[PDB]
Amino acid sequence: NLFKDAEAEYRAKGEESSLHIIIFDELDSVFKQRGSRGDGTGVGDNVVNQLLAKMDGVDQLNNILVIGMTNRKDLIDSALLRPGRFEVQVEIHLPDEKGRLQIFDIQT
Amino acid sequence: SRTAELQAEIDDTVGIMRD
Amino acid sequence: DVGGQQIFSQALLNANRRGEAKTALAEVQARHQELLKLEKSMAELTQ
Amino acid sequence: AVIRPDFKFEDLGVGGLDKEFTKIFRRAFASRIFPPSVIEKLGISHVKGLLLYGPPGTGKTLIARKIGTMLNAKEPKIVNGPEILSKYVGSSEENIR
Ligand SMILES: Nc1ncnc2c1ncn2[C@@H]1O[C@H](COP(=O)(O)OP(=O)(O)O)[C@@H](O)[C@H]1O
Numbered sequence: 325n326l327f328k329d330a331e332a333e334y335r336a337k338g339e340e341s342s343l344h345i346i347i348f349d350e351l352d353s354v355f356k357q358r359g360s361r362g363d364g365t366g367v368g369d370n371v372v373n374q375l376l377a378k379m380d381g382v383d384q385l386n387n388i389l390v391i392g393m394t395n396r397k398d399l400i401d402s403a404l405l406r407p408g409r410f411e412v413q414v415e416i417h418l419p420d421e422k423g424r425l426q427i428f429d430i431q432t
Numbered sequence: 027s028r029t030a031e032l033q034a035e036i037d038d039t040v041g042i043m044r045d
Numbered sequence: 166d167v168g169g170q171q172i173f174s175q176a177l178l179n180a181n182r183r184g185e186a187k188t189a190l191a192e193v194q195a196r197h198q199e200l201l202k203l204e205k206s207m208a209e210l211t212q
Numbered sequence: 228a229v230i231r232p233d234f235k236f237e238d239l240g241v242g243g244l245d246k247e248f249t250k251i252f253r254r255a256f257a258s259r260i261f262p263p264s265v266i267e268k269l270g271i272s273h274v275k276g277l278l279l280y281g282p283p284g285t286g287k288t289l290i291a292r293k294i295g296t297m298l299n300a301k302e303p304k305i306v307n308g309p310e311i312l313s314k315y316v317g318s319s320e321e322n323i324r
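Residue numbers (PDB author numbering), protein chains in the order written: chain B, 325 to 432; chain J, 27 to 45; chain K, 166 to 212; chain A, 228 to 324.
Just chain B, same shape as in the assembly:
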């Protein structure tokens, strides 16, 4: 249900659509490696496959941008990091002295 508006607007206005944004938070909480997690009822796999099939499927979308934040990049599934799904990966680290000076400048 998070993609419905984007599809609806793309089908009408092809390449004049506005940009749609959806933010996933704590991505590593539910999107773990499929097949490795402990046994259960089989809901994790369904979730991962659904997201995989919706992000890049047989029907194309050119309006969506999705952002993800996490602290343990190792736990994320391997197929979600393929180019075309989560293409650009960036690392934020502790600041150095000039960074601390700039943060001080912009806080006070």
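Just so you know, not all the hints are guaranteed correct.
The calculated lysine to any residue pairs, modelled on SDA-like cross-linking and capped at a C-alpha distance of 25 Å, are [stated by the list, open to error]:
| hint | chain 1 | residue 1 | chain 2 | residue 2 |
| --- | --- | --- | --- | --- |
| 1 | A | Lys275 | A | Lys314 |
| 2 | A | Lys314 | B | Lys378 |
| 3 | B | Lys356 | K | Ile172 |
| 4 | B | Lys356 | A | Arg259 |
| 5 | K | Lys202 | J | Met43 |
| 6 | A | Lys287 | A | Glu237 |
| 7 | A | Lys268 | B | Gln431 |
| 8 | A | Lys246 | A | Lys268 |
| 9 | B | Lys397 | B | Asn373 |
| 10 | A | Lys268 | A | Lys287 |
| 11 | K | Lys187 | J | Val40 |
| 12 | A | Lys301 | A | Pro232 |
| 13 | A | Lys246 | A | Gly270 |
| 14 | A | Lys287 | A | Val241 |
| 15 | A | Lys314 | B | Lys397 |
| 16 | B | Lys422 | A | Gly270 |
| 17 | A | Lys268 | B | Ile430 |
| 18 | A | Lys314 | K | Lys202 |
| 19 | K | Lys187 | J | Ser27 |
| 20 | A | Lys314 | B | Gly362 |
| 21 | K | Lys187 | J | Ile36 |
| 22 | A | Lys287 | A | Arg259 |
| 23 | B | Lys378 | B | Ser402 |
| 24 | K | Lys187 | J | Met43 |
| 25 | K | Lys202 | J | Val40 |
| 26 | A | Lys314 | B | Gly359 |
| 27 | A | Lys250 | A | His273 |
| 28 | A | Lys314 | K | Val167 |
| 29 | A | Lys304 | A | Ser264 |
Hint data in this document are derived by calculation from the structure and do not stem from the laboratory.
Position chains J, K and A with the ligand relative to chain B; hints supplied.
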């Protein structure tokens, strides 16, 4: 009520036509 | 355990719905008698 | 702005806790009492947590409720740890939401 009114009107029109 | 159970769901209809012959659609019997009376009177009028 | 002048620490029912309450008052309710204009000028947010720990039965719930009372505020919403959990997927975290 509408059908009964219609029936009454038809019976009356039969009457006018009988005259 | 924890979060180791799913569940389905079933559904009951309405009591007000009850039967299928509940007038306004089933009383088309009585109404049909009214309509037949209408038809007979119109037949006479057209004649 | 939401407090009265006639109270220091013991005018309410808590005795023996003096330094801790001064610290709590200074750090927690030193930005909810001043006129809003000044705090807005200073450009600072409000504290959003408080963890007070100690041996059981020493007056923690009492101080919590008294803090709640002295600053107006609605009725506290109480909960205890092991009651949150359930045995259906997505119900153990719905309660925390
Ligand atoms: N400093 C105090 N002054 C007055 N009463 C106290 C104090 N500390 C504890 N009490 C008494 O202990 C009870 C408060 O429960 P509390 O000790 O806070 O439970 P817990 O510490 O297990 O959360 C009340 O009956 C209260 O009168």
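Hinted pair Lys397 of chain B and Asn373 of chain B, Cα distance within 25 Å: At roughly 19 Å apart (the allowed maximum being 25 Å), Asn373 of chain B and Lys397 of chain B satisfy the hint.
Pair hint outcome, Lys187 of chain K versus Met43 of chain J [Cα-Cα no greater than 25 Å]: violated, 40 Å
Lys314 of chain A paired with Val167 of chain K [C-alpha distance capped at 25 Å]: At roughly 4 Å apart (the allowed maximum being 25 Å), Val167 of chain K and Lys314 of chain A satisfy the hint.
Satisfaction of hint between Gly362 of chain B and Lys314 of chain A, Cα-Cα up to 25 Å: Holds - the C-alpha atoms of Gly362 of chain B and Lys314 of chain A are around 16 Å apart, at most 25 Å.
Given pair status - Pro232 of chain A, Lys301 of chain A, alpha carbons within 25 Å: The given pair, whose Cα atoms are some 21 Å apart, holds under the 25 Å limit.
Agreement of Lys314 of chain A and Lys378 of chain B with the hint, judged by alpha carbon distance not exceeding 25 Å: Violated: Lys314 of chain A and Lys378 of chain B sit about 30 Å apart, past 25 Å.
Pairwise hint evaluation, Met43 of chain J against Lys202 of chain K, where the allowed Cα distance is 25 Å at most: Holds. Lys202 of chain K to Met43 of chain J sits at ~18 Å (cutoff 25 Å).
Distance restraint between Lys314 of chain A and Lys202 of chain K, which requires alpha-carbon spacing of 25 Å or less: violated, 67 Å
Given pair status - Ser402 of chain B, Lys378 of chain B, alpha carbons within 25 Å: holds, 16 Å
Given pair status - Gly270 of chain A, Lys422 of chain B, alpha carbons within 25 Å: Distance of about 23 Å is within 25 Å: holds.
Proposed proximity, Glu237 of chain A with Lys287 of chain A (alpha carbon, max 25 Å): holds, 15 Å
Restraint check for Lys246 of chain A with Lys268 of chain A, where alpha carbons must lie at most 25 Å apart: violated, 30 Å
Checked against the numbered hints listed earlier, the structure breaks hints 1, 2, 4, 8, 10, 11, 13, 15, 18, 21, 24, 29; every other hint is satisfied.
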